[PDB]
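Asks: Residues per chain, in single letters:
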Amino acid sequence: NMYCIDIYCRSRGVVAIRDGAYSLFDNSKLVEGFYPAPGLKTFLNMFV
Amino acid sequence: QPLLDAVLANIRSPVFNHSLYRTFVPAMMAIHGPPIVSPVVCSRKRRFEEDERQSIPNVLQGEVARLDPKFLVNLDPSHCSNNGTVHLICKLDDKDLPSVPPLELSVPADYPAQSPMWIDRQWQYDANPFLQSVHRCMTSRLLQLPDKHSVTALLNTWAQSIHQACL
Amino acid sequence: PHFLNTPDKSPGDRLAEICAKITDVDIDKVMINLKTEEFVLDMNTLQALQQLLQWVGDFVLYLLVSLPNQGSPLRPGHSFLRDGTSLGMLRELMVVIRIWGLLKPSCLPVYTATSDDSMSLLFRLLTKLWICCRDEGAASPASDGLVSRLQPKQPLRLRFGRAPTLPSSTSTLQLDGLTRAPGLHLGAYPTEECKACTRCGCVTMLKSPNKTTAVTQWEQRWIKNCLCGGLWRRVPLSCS
Amino acid sequence: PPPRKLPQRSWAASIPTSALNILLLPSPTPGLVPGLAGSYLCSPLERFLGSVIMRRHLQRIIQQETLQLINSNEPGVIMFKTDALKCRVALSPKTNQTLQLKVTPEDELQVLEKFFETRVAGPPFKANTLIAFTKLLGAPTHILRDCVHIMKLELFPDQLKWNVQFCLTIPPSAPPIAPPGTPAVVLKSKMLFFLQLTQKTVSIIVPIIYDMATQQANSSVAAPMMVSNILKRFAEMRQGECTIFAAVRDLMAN
Amino acid sequence: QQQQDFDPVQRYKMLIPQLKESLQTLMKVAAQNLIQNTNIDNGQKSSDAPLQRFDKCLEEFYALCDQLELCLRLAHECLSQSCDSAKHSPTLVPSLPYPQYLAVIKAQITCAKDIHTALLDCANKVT
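Chains as they are written, first to last, in the UniProt record's numbering: chain A, 926 to 973; chain B, 620 to 786; chain C, 553 to 668, 671 to 694, 720 to 762, 772 to 828; chain D, 1164 to 1180, 1185 to 1273, 1281 to 1332, 1336 to 1378, 1386 to 1397, 1401 to 1404, 1411 to 1430, 1434 to 1450; chain E, 48 to 141, 153 to 185.
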């Protein structure tokens, strides 16, 4: 019930992952829920 | 209950309806960003060819072709070849006495048509008393038909009358 | 030349042209450095910025995201726009639309976030790349790495006007009479058709009566043949 | 054109990506997987989320009551009683743990304890392990006994080579009072500690009460046997009762 | 860490008005932006009222809908698990000892694995 990353697919053979706590808003506010930005997911993704 | 949005949204009735774009498609693009909505091969082709070129709407022939082999339907010289296309000549072939074929000229597919007109009524019917009684029973039963239907009711009633002829 | 201003030493557009001799950033400085007062024409100008001028704003945005795409399988990718002169012309357009927005709040912002004046930072990055490419400059400086950051403001889905052609190379091209075989930005472009929509083949894709009240400048300016406008065509909307 | 990861950032904006297949369908090897223990298919995303929630709980509990180190190049939040700072993760997916500090022995045993504490995290089966590691502060070779025990259990070097290892909490053979949440140690004169988890090829637990200045230990085969093994080797008193009693109760209790 | 007493019922009940009022607010600000742009295109300098950009509000509405949905899914998982546990497991929660329960569970798991292996061998022999 926290740290819910958002991965989805729209391309023909590729997919995209993104944070689920930004909501088209870098650092203005939050989504009134789960704690945001757990550690670092972007590098963990880009590693593989 | 939350109808404040309703009338103000309905305000934008006139022709200049483009600003809606700048109101919704960015936020939409936030949640829904689908490039794949209809990427499959798709093209609009209105028509290729359309005409009967052989007869009236198919329904009549399609239904009459489903009748018994006891009836034998054909066409006379084509005096209404294209629009009318309905003047049927039938030959009752069964365990009964034969007779003169009827006229059976119908109207458009709404079917308020007592199709037979008996073009050869007088002389063909003054021949014998038996067939005269057949004709009498035929017209008497036809009068009983409420909103007769040329498709099936005509031939069925005629066959019933021909089978009633044996007293 | 659409300014009904008061006369001065030189023409308004001519004096605006020399804006090239100005600093890199803070357009808000250079605008008052040249002139501020004599640029307003009339109250009835609130129809161009929010409707059609927004394009140019989005335009410069489409440059940023398209800047770091040299590794793409296309040497200029979408476009390059490294001329400088035309870029200087666009920068002059940016400063004049900036003073316009200073004269009226109905301008074209970033529309997304960080308003408390994104246009300022956009303009300063554009002037940076300009001065980095004006007189035989480099392409991809270290500044390129930092400007390559994707701010949460860039929109997409722009027209980029274009048309098909006749690629009949050597042998044969058989077509029917209809059913072809494969092989003005003042809004006026919804999803489905909403009027007669007299269009053109070059880039136009516009409306027939322009559906306006006092924007007759563009409409009358483009009633006749547009840029190579021999292809002013018409076609009705589909029906079920 | 898609590569824009020359510099770093602090925000995530639609990163693109077989990679999903590799990232999914949990493999039984959590990255390095030296082969200590764990017969469970651990997913990379699973262990990643586990590690991030572990470090979050760790910083929370170290900020709550104990002293910790201010933000710097590396977050040192392992600040135990005397001194300890090991919270750097070279391989982030695997684990965030290292050797705290060395000032005196009681040294390959230090590296062994570091590897054991790293493997002690594993899957996020329970965040109570954080409380356990927090309570792990026995300086005078007190933790060394359990460290060597767990190391021998995980490696089997050269209960009589049977299943004897209990580093977790909330045992089933504990005195039934309430389902425990995080029983690590008893802050009293006699600090409680789960001694071992005995099991045949049956199943029982064994606690211990180290007198930090009273270990009163099915039941018929465990409590009298343990009492006799304790009364027999009562001459362990230098660090007399440090690991001799533990080793006797482990091996010499049969 | 939430500590919401783990009871989903009153949580969802008390959260419903949030959805209601958020929908109300988003409809209101949408109508405001609509009247604004409809006075922009053809009216005059009348719409001078800085409202919400309609992005943050709608997105946080989606987010609260999301949170309530995940809470309801957790509630459903919990009730379904309770149901099947009651339906196919006796009540022994301190009259059988925990080792006996674990042994029974392991035996049932082994029997299920045996059934699965039998069905797999049947499918193999069929093919």
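One thing to keep in mind: the hints can contain errors.
Claimed, not checked - Calculated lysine to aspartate or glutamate pairs in the DMTMM-like style (CA-CA distance at most 25 Å, straight line):
| # | chain 1 | residue 1 | chain 2 | residue 2 |
| --- | --- | --- | --- | --- |
| 1 | E | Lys92 | C | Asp580 |
| 2 | D | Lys1367 | D | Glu1328 |
| 3 | D | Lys1367 | D | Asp1332 |
| 4 | C | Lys656 | C | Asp668 |
| 5 | E | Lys92 | C | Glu781 |
| 6 | A | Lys954 | E | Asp102 |
| 7 | E | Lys103 | A | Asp951 |
| 8 | C | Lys732 | E | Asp131 |
| 9 | E | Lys67 | E | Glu116 |
| 10 | D | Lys1309 | D | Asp1332 |
| 11 | C | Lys656 | E | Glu116 |
Don't read these hints as lab results, they were simulated from the structure.
Asks: Does each hint hold? Answer for all of them.
Replies: Going down the list of hints, with the structure as the test:
{"no.": "1", "hint": "E/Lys92 x C/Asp580", "in the structure": "24 Å, holds"}
{"no.": "2", "hint": "D/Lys1367 x D/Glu1328", "in the structure": "28 Å, violated"}
{"no.": "3", "hint": "D/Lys1367 x D/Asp1332", "in the structure": "34 Å, violated"}
{"no.": "4", "hint": "C/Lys656 x C/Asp668", "in the structure": "17 Å, holds"}
{"no.": "5", "hint": "E/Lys92 x C/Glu781", "in the structure": "30 Å, violated"}
{"no.": "6", "hint": "A/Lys954 x E/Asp102", "in the structure": "12 Å, holds"}
{"no.": "7", "hint": "E/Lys103 x A/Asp951", "in the structure": "11 Å, holds"}
{"no.": "8", "hint": "C/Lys732 x E/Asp131", "in the structure": "50 Å, violated"}
{"no.": "9", "hint": "E/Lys67 x E/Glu116", "in the structure": "15 Å, holds"}
{"no.": "10", "hint": "D/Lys1309 x D/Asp1332", "in the structure": "31 Å, violated"}
{"no.": "11", "hint": "C/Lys656 x E/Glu116", "in the structure": "45 Å, violated"}
Checked against the numbered hints above, the structure breaks hints 2, 3, 5, 8, 10, 11 and satisfies the rest.
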